[PDB]
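**Q** Each chain, written out:
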Amino acid sequence: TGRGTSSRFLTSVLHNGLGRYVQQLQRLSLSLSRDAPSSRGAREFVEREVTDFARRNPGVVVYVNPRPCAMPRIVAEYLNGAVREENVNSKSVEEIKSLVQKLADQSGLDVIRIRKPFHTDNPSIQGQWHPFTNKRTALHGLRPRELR
Amino acid sequence: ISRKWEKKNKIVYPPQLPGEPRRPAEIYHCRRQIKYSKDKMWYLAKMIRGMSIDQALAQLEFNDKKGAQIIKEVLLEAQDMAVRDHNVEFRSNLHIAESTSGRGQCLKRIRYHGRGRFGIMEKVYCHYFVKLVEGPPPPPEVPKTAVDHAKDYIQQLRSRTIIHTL
Amino acid sequence: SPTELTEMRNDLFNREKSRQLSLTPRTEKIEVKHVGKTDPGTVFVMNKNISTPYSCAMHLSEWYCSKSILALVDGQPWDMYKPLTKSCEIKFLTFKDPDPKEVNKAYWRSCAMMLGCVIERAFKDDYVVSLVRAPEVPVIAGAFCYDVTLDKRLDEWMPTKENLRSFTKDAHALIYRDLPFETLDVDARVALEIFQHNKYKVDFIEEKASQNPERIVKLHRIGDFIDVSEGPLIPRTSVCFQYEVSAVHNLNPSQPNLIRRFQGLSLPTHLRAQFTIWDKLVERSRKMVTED
Amino acid sequence: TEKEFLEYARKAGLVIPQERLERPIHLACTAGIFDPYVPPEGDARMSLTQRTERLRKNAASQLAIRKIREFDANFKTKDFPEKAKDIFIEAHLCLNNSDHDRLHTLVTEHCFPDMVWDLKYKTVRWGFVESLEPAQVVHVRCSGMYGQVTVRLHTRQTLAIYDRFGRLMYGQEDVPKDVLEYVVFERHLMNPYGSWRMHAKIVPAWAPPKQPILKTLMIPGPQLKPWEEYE
Amino acid sequence: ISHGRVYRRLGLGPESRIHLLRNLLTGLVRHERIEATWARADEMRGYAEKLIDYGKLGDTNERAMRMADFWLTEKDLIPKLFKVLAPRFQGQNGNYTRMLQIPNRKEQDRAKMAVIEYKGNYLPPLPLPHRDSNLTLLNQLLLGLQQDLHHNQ
Amino acid sequence: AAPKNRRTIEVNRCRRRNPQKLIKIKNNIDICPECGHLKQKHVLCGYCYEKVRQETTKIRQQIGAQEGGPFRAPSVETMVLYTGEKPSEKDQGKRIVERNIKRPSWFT
Amino acid sequence: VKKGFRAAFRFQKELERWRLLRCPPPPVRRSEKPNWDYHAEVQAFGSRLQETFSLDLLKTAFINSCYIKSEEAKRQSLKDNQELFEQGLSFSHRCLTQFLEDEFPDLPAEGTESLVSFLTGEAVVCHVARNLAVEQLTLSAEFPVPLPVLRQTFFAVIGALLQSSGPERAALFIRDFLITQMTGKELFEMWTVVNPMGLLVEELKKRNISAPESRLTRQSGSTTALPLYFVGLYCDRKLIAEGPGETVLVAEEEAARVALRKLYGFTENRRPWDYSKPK
RNA sequence: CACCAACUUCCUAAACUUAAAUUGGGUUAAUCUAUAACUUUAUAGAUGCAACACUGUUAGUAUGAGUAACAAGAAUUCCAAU
Ligand SMILES: [Mg+2]
Ligand SMILES: [Mg+2]
Ligand SMILES: [Mg+2]
Ligand SMILES: [Mg+2]
Ligand SMILES: [Mg+2]
Ligand SMILES: [Mg+2]
Ligand SMILES: [Mg+2]
Ligand SMILES: [Mg+2]
Ligand SMILES: [Mg+2]
Ligand SMILES: [Mg+2]
Ligand SMILES: [Mg+2]
Ligand SMILES: [Zn+2]
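Residue numbers (PDB author numbering), protein chains in the order written: chain b, 2 to 149; chain T, 41 to 206; chain 7, 33 to 324; chain d, 55 to 101, 114 to 210, 217 to 303; chain O, 9 to 161; chain 0, 78 to 185; chain c, 31 to 107, 119 to 320.
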């Protein structure tokens with residue numbers, strides 16, 4: 002699947018930690034049903050957890066739109082423009098709360114094989130090794146067997 | 041059965057702005073259920089690809105194959121419905137952009153054999169499609185020069201990176 | 033600087049064309065009938081002052097475009113790219129016609145014109161090159177001759193074989209570029225302005241204007257190069273396949289101003305010649321041929 | 055399908071006797087004009115005027131007008147131009163959007179095929195510039217029962233046709249052109265749901281040539297077999 | 009392994025090959041313009057000319073008469089060969105027959121064809137190839153060279 | 078001998094699209110000077126040739142009517158005359174074939 | 031013809047992907063899509079950046095002249122951000138210039154201006170602007186928002202930030218976002234100079250230093266088609282800098298590039314910019 | 001006078017210690033019914049309830065392969081002809 006899938010390098014959105022850390026999660030939208038067993042767990046989440054989550058993360062606009070529905074759906078929008086939707090059908094409040102916290106912490110970057118664990122824009126401070134390093138020069142720069 | 045090459049001839053584009061480049065014309069013509077093999081027909085279709093219509097109507101005329109006459113007929117219908125019903129100013133301002141042959145519906149019959157045995161015979165048909173685009177034939181492919189070949193090798197080396205490390 | 037001369041002439045040429053086109057408003061259909069042997073009786077409705085004889089060939093087939101060099105409008109030879117003016121009869125002339133007299137002359141003038149373009153830009157900017165004219169010589173003469181005056185500083189220098197070879201390479205480069213000839217009819221007043229610097233060109237313009245009742249003059253442009261044309265020329269340079277500047281001979285009676293006759297040979301793609309035949313004709317062209 | 059059947063019966067052979075239709079077909083209009091009014095030479099020179119001539123010619127059409135009163139009683143010759151003007155402008159506008167349904171109501175079954183048939187897979191841009199002169203009723207004729221009304225219309229218009237690919241053929245992007253034409257408006261006096269629609273346009277012999285098409289055309293020559301020879 | 013074997017292999021064998029050529033030749037000697045597949049027409053061309061050679065010998069010669077019988081199935085043509093074909097060709101010593109390649113057959117067999125005739129026939133002239141006139145560009149240049157050389161000679 | 082494995086379309090596409098199996102383009106096509114129809118340089122023009130053969134059939138049909146029998150070939154020279162033409166003195170004693178149509182331009 | 035409605039339903043969505051993905055629709059502004067309230071999103075924008083904003087001022091920043099004209103025409107058939126744009130751009134240019142001068146006082150004024158223009162260019166500004174959700178909240182007649190309009194809104198945001206919170210907080214925003222982009226980028230990518238050797242001579246004269254001497258420090262496979270030469274400029278027999286190149290001229294030209302950085306202190310091993318200062 | 005070498009072992013997070021006839025356990029895909037939910041969901045009741053393999057059955061299409069093999073005596077004035 003590694004050869005059968007795409008890959009990228011470790012990256013950030015806008016150099017998140019260089020200056021001020023900006024929360025990547027932008028918006029969460031949850032649709033619920035008044036009378037539906039499957040959305041019962043999500044109804045508990047709105048009763049108690051949603052208010053706490055909204056204050057804890059004030060950069061995430063939260064939309065709750067109860068409607069006659071068959072599957073509750075959470076749609077996550079990140080600042081880079083990436084969208085992500087996860088089905089919450091018949092999940093308890095504990096599962097949703099844990100699930101939502103993952104969305105807030107993650108960034109919009111694609112979840113695919115990351116080629117290298119590390120990233121540097123200035124890997125070398127003393128100068129990238131080139132073949133002529135550690136090679137002694139000769140008087141007048143005479144190449145081997147040159148008479149001059 | 042699926043006749044979509046026939047419908048594409050009816051697409052209507054929106055009017056152009058005063059300085060937009062003049063859109064080249066496209067024509068879509070074909071003939072179905074031809075009593076000929078699709079494999080045999082391909083050689084005729086492949087030959088004409090990338091040629092004008094007065095340069096593809098000359099090579100066909102002196103070919104011995106049966107399909108040469110069949111293709112020539114649909115290269116003359118296309119050359120007439122382009123000038124009358126698709127607004128092509130000049131008959132000699134066309135070129136065969138695409139041309140290929142497709143399988144048709146066949147018939148199953150019995151080919152007899154020598155010991156009370158037999159085999160299944162298929163009477164083969166095919167279709168043949170052509171698109172004509174208004175404009176002189178795009179200039180042919182120019183082989184890569186020795187300098188161009190050398191440049192790619194250098195470009196390939198320049199892209200080299202230190203692998204599996206910081 | 034010579035670059036300045038080319039630019040102003042080019043600009044003058046464009047202005048003359050622009051006024052002529054703007055001068056003609058709307059589209060007026062004109063009847064033109066095919067009078068040739070094959071495909072007889074075809075009638076084209078064409079746009080006045082905009083349509084060209086090449087368009088007439090385009091309707092018929094690609095063969096006419098490829099193999100037609102000139103057209104007989106009402107019994108007169110007309111350039112293939114020269115716009116039509118009024119209802120007339122059109123006959124296309126190939127090289128292999130039984131009576132190719134007109135085609136041969138058109139090709140003849142054409143080749144010597146491309147020769148003139150090569151010469152002027154071949155010299156170094158330090159020296160001075162001026163084009164006087166090319167005498168009309170019968171095709172039987174065995175080569176086409178363009179007379180070019182040279183700076184006094186070059187009076188003691190004659191081009192060597194290497195110099196002659198260089199000219200053909202430039203000539204072939206023009207042929208490879210495949211630059212169509214542009215046909216323009218210009219009144220003497222404008223023509224004098226474009227070639228006022230060249231006294232000989234001015235005199236030639238006066239002769240052409242005097243001949244006709246009006247002051248109409250024939251101007252042909254090969255890309256950058258602009259010059260007066262004695263007769264209708266070939267539509268394209270690519271029509272030439274074999275080209276060679278045989279030799280250049282100083283004119284003996286040139287005491288006031290030294291003039292050198294530049295003599296060359298060319299054959300169209302249609303009438304290509306074998307290697308051995310080409311050499312013999314090339315050798316003949318080296319002999320200096322006078323104008324009768 | 056009948057297209058498949060038509061090939062079958064031609065290959066197989068068949069005696070297809072025609073039948074007397076049990077229910078007659080319904081005709082809401084009749085091709086042509088019962089009495090075509092010959093246009094008068096110099097009608098453009100009249101730059114009242116024709117209306118006075120129409121009054122003299124009304125006596126010829128007086129019988130037709132009376133028939134309209136019997137079945138309509140609201141038709142007015144004086145007020146018809148304005149109503150007719152509305153139909154003409156409204157109908158041509160539909161072309162812009164190619165609203166077939168609107169056209170059917172505005173134009174007759176004879177008029178509709180002419181306007182639309184040649185404009186399939188083609189975009190037509192048409193507007194109405196101010197009319198040069200007021201419209202008048204040239205002539206009216208009733209035969210049967218069908219009543220036909222001819223209206224003189226001189227109005228400035230702008231039209232530009234385009235290909236499927238959006239390229240421009242015929243007309244001009246936007247330039248006012250003065251056009252004088254005679255339009256025939258007819259209604260079915262018998263049908264309760266009938267109304268006045270656009271049937272046909274009379275064309276005079278003294279009409280100037282229309283705008284020439286942009287592209288050049290080849291009128292082909294005779295195709296001759298080896299037997300034949302040209303002359 | 010068929011080097012120097014001038015003859016072809018036609019028909020059902022050697023004798024059949026002789027009898028198919030006798031039919032094309034008799035048709036030619038009768039009509040003076042006959043069509044056949046290029047291979048068979050070319051095979052006959054040698055036989056067609058040699059009849060005129062025997063015809064030139066004359067009626068009196070026994071060998072000419074005997075040969076003119078085996079090679080003319082219809083017997084109303086021996087008088088013609090001797091009395092009109094032979095007199096025509098007395099001036100010439102060769103090139104009795106003109107052979108040209110007609111386009112391929114439009115039969116679904118698509119075989120190469122040729123039309124063979126006798127020179128000076130009464131039938132409409134064949135559309136022969138025409139070489140370019142001396143006035144053409146290339147042709148005219150050569151003529152100028154010829155004139156120059158003729159003066160030099 | 079029977080195949081031991083099915084051959085893949087990639088291998089099949091390599092064999093039947095090889096340059097050796099393609100149609101080689103013809104470079105000897107030209108335009109007939111008289112009629113303008115296409116011809117090969119080393120071959121006669123079918124359109125022009127068809128005119129000659131069509132006239133030949135008509136002339137031969139006329140000859141057949143006159144002779145009226147299998148073994149009636151005349152030893153004397155043949156000749157064809159068209160309407161408006163009379164035999165010359167040099168043409169005396171030559172069979173004459175009469176054609177209603179005028180003398181064709183190609184016929185001399 | 032099998033039983034059930036569900037199998038068709040899953041496939042109907044499969045048809046949905048095929049049509050949408052093969053023939054995607056034109057982009058539509060997030061406003062037209064569901065789950066949009068303007069005021070709530072504007073509030074989150076300030077909170078996300080952690081900077082307190084004047085909501086009324088921020089609203090005016092997103093407004094653009096083009097949007098107003100389109101709305102008025104529709105009404106026939119609300120104040121622009123121009124003032125904020127002028128203030129925002131003026132402060133940013135001064136702020137960007139001040140930051141660069143302190144970090145690289147030796148760098149010539151021409152070098153600083155090119156960096157200021159680069160960091161204020163559309164490519165840098167728009168890329169940061171888009172990822173900050175400026176475009177989503179932006180009010181423009183034409184969508185997707187053109188870069189020059191989007192760049193104006195980004196400067197308008199800075200102008201609104203300046204008025205609400207003053208210069209000090211506004212200065213942080215430039216450093217936190219605009220200045221970060223230059224990480225990794227070397228001087229000559231941001232600033233384009235075609236005559237480094239010529240400029241190097243000028244700088245040395247300004248420093249009262251003699252013209253450099255170019256010498257071949259190292260050589261590799263010169264005659265081959267892949268030669269490497271190290272060209273090092275020497276002043277008074279002292280190596281000011283070294284450079285690698287495919288040819289001596291390229292090595293000589295590049296060697297000038299190295300020296301100019303040295304003088305200007307843009308060597309990549311320079312002390313990293315201090316983005317982490319609390320003040 | 002050592003280095004390399006296997007999830008053996010250690011380490012950050014975890015885990016809690018070994019081919020297959022057979023044997024025990026917890027869940028799940030599809031569809032119908034009850035009662036609901038209402039873009040395709042829930043708890044129960046049910047059953048023709050899940051196939052990369054039986055020289056499986058039916059249909060379709062490849063490969064061998066455009067291959068093996070198949071056919072009309074000649075000319076003309078020409079296919080109810082000489
Ligand atoms: Mg049996
Ligand atoms: Mg098979
Ligand atoms: Mg051999
Ligand atoms: Mg041999
Ligand atoms: Mg273990
Ligand atoms: Mg089962
Ligand atoms: Mg299966
Ligand atoms: Mg099975
Ligand atoms: Mg196959
Ligand atoms: Mg084989
Ligand atoms: Mg065989
Ligand atoms: Zn011909």
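The set of hints was computed from the structure by calculation and includes no laboratory data. Please note: incorrect hints may appear among the correct ones.
What the hints assert, rightly or not - With a straight-line Cα cutoff of 16 Å, these simulated EDC-like cross-link-like pairs (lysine to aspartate or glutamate) come out:
id : chain 1 : residue 1 : chain 2 : residue 2
1  : O       : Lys127    : 0       : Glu127
2  : d       : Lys287    : 7       : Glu63
3  : T       : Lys105    : O       : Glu115
4  : 7       : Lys65     : d       : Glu303
5  : 7       : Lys69     : d       : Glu148
6  : O       : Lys114    : T       : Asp104
7  : O       : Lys120    : T       : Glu129
8  : d       : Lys297    : 0       : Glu132
9  : O       : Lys114    : 0       : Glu132
10 : 7       : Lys312    : O       : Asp156
11 : 0       : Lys179    : d       : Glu301
12 : 0       : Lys118    : T       : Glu101
13 : 0       : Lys179    : d       : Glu303
14 : 7       : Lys49     : 7       : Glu238
15 : 7       : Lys319    : O       : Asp156
16 : 0       : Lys103    : T       : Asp125
17 : d       : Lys287    : 7       : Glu60
18 : O       : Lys114    : T       : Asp125
19 : d       : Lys297    : 0       : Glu111
20 : 7       : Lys69     : d       : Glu303
21 : 0       : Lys179    : d       : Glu300
22 : 0       : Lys101    : T       : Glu129
23 : 7       : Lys99     : 0       : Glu111
24 : 7       : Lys128    : 0       : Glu132
25 : d       : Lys287    : T       : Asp104
26 : d       : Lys297    : 0       : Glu127
27 : 7       : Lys61     : T       : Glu129
28 : 0       : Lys135    : d       : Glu300
29 : T       : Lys191    : c       : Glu287
30 : T       : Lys106    : O       : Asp117
**Q** Against this structure, judge whether each hint is valid.
**A** Hints and how they fare:
Restraint check for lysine 127 (chain O) and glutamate 127 (chain 0): the C-alpha separation of about 20 Å exceeds 16 Å, so the hint is violated. At most 16 Å may separate the alpha-carbon atoms for a hinted pair to count; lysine 287 (chain d) and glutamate 63 (chain 7) meet this at roughly 14 Å. Taken as a hint, the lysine 105 (chain T) and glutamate 115 (chain O) pair is honoured in the structure, with Cα atoms around 12 Å apart against an allowance of 16 Å. For the given pair, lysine 65 (chain 7) sits about 14 Å from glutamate 303 (chain d) by alpha-carbon distance, which is consistent with the 16 Å threshold.
For the hint linking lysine 69 (chain 7) to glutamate 148 (chain d), the alpha-carbon distance of about 60 Å lies beyond 16 Å, and the restraint is violated. With a CA separation close to 9 Å, the supplied pair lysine 114 (chain O) and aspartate 104 (chain T) stays within the 16 Å bound. Distance restraint check for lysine 120 (chain O) and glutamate 129 (chain T): the Cα-Cα separation of roughly 40 Å exceeds the 16 Å cut-off, and the hinted pair is therefore not satisfied. With a CA separation close to 13 Å, the supplied pair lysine 297 (chain d) and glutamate 132 (chain 0) stays within the 16 Å bound.
About 20 Å separates the Cα atoms of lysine 114 (chain O) and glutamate 132 (chain 0), which puts this hinted pair outside 16 Å; it is violated. Only pairs whose Cα atoms come within 16 Å are accepted, and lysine 312 (chain 7) paired with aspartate 156 (chain O) is accepted, the gap being roughly 12 Å. Simply put, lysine 179 (chain 0) and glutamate 301 (chain d) have alpha-carbon atoms about 12 Å apart, close enough for the 16 Å limit, and the pair holds. About 14 Å separates the Cα atoms of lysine 118 (chain 0) and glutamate 101 (chain T), which keeps this hinted pair within 16 Å; it holds.
Restraint check: the Cα-Cα separation between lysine 179 (chain 0) and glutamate 303 (chain d) comes to about 14 Å, which is no more than 16 Å; the hinted pair holds. In summary, the hint linking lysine 49 (chain 7) to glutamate 238 (chain 7) is not supported, as the alpha carbons are separated by about 21 Å, beyond the 16 Å threshold. Note on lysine 319 (chain 7) and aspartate 156 (chain O): the hinted pairing holds, with a Cα-Cα distance of about 11 Å set against a maximum of 16 Å. Simply put, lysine 103 (chain 0) and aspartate 125 (chain T) have alpha-carbon atoms about 33 Å apart, too far for the 16 Å limit, and the pair is violated.
Only pairs whose Cα atoms come within 16 Å are accepted, and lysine 287 (chain d) paired with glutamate 60 (chain 7) is accepted, the gap being roughly 11 Å. Using a Cα cut-off of 16 Å, the hinted pair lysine 114 (chain O) and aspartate 125 (chain T) is violated, with the two alpha carbons roughly 33 Å apart. For the proposed pair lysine 297 (chain d) and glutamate 111 (chain 0), the alpha carbon gap of about 14 Å is at most 16 Å, so the pair holds. At most 16 Å may separate the alpha-carbon atoms for a hinted pair to count; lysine 69 (chain 7) and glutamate 303 (chain d) meet this at roughly 11 Å.
About 13 Å separates the Cα atoms of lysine 179 (chain 0) and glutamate 300 (chain d), which keeps this hinted pair within 16 Å; it holds. Distance hint between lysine 101 (chain 0) and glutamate 129 (chain T) is unfulfilled; the C-alpha atoms sit about 32 Å from each other, more than 16 Å. Only pairs whose Cα atoms come within 16 Å are accepted, and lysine 99 (chain 7) paired with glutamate 111 (chain 0) is accepted, the gap being roughly 15 Å. For the proposed pair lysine 128 (chain 7) and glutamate 132 (chain 0), the alpha carbon gap of about 29 Å is over 16 Å, so the pair is violated.
Between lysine 287 (chain d) and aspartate 104 (chain T) the CA atoms are separated by roughly 39 Å; this puts the pair beyond 16 Å, and the hint is violated. A threshold of 16 Å between alpha carbons decides the hint, and for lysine 297 (chain d) with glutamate 127 (chain 0) the separation of about 9 Å falls inside it, so the pair holds. With a C-alpha separation of about 15 Å, the suggested pair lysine 61 (chain 7) and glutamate 129 (chain T) falls inside the 16 Å cut-off, and the hint holds. Our distance criterion of 16 Å between C-alpha atoms is met by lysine 135 (chain 0) and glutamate 300 (chain d), whose separation comes to about 14 Å.
At most 16 Å may separate the alpha-carbon atoms for a hinted pair to count; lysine 191 (chain T) and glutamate 287 (chain c) meet this at roughly 14 Å. With a C-alpha separation of about 10 Å, the suggested pair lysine 106 (chain T) and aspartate 117 (chain O) falls inside the 16 Å cut-off, and the hint holds.
Hints 1, 5, 7, 9, 14, 16, 18, 22, 24 and 25, counting from the list given before, are not met by this structure.
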